[PDB]
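Asks: Residues per chain are reported as follows:
Protein chains: 2
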Amino acid sequence: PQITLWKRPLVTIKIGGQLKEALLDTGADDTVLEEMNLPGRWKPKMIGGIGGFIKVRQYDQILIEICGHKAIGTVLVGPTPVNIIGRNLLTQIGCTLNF
Amino acid sequence: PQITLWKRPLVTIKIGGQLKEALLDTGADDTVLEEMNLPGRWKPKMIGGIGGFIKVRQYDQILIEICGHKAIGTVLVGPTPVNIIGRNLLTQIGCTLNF
Ligand SMILES: CCOP(=O)(COc1ccc(C[C@H](NC(=O)O[C@H]2CO[C@H]3OCC[C@H]32)[C@H](O)CN(CC(CC)CC)S(=O)(=O)c2ccc(OC)cc2)cc1)OCC
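Chains as they are written, first to last, in the deposited numbering: chain A, 1 to 99; chain B, 1 to 99.
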């Protein structure tokens with residue numbers, strides 16, 4: 001679809017068999033989801049934002065479906081204020097900015 | 001134009017008579033610019049992201065030219081690590097997400 005930005009670009013995603021709402025975030029290098037139980041191994045990582053850095057759990061090669069489009073890649077889980085879909089997965093679903 | 005997301009969506013902007021590089025950021029409700037001394041009144045504000053909140057100065061009705069497209073709206077100024085163009089101005093230049 002084509003998504004205007006008068007409202008937050010929130011979409012439904014499916015990860016680990018569960019549905020959630022997430023923000024398509026072109027300003028995010030990586031995809032960061034709120035605390036949740038994902039299967040598989042993970043490694044600790046740190047990522048920084050406007051307010052500073054947080055500790056996250058890095059899950060690699062995770063299947064995630066974003067508004068009906070499948071992606072497989074890195075998903076970070078931690079105390080983000082909002083579930084964000086970042087460029088690492090936006091590229092996989094073929095997302096571009098247009099004006 | 002169309003902007004792919006393999007790399008950060010950095011574009012040239014012109015504000016307050018100065019040229020700068022800024023991120024087109026669909027995850028940002030508002031526009032946050034690096035420290036700069038702009039004339040006129042302002043109001044204190046706090047904005048939060050990953051890592052917590054930062055203190056910024058809110059200036060209203062500021063003109064910004066983004067890749068030749070003019071926009072005028074609220075601009076927040078503070079110790080952001082990056083110039084961020086948020087939805088308040090992206091809507092005005094007709095920016096959409098597409099996949
Ligand atoms: C190389 C730069 O240095 P740093 O690492 C950090 O620089 C930055 C800082 C911010 C951003 C943009 C930010 N992205 C982000 O957090 O991305 C994370 C995930 O992927 C990583 O990619 C780069 C950072 C990592 C979001 O798009 C926008 N945000 C909202 C969003 C937060 C989840 C929804 C609530 S917002 O900015 O907080 C914001 C809140 C309210 C507003 O209006 C009221 C306007 C803006 C990009 C690079 O310095 C460390 C100290």
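Don't take each hint at face value.
A pair counts as met if it fits within one copy or between any two copies, since identical chains are not told apart.
Only pairs whose alpha carbons sit at most 35 Å apart, straight line, appear in this in silico DSBU-like list of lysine-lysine [unchecked claim]:
no.: 1; residue 1: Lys43; residue 2: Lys14
no.: 2; residue 1: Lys43; residue 2: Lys7
no.: 3; residue 1: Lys55; residue 2: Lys45
no.: 4; residue 1: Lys7; residue 2: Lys45
no.: 5; residue 1: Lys55; residue 2: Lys43
By construction, these hints were calculated from the structure, which means they are not laboratory data.
Asks: Check each numbered hint from earlier against the structure, then list the numbers of those it violates in ascending order.
Replies: Those not satisfied: there are none.
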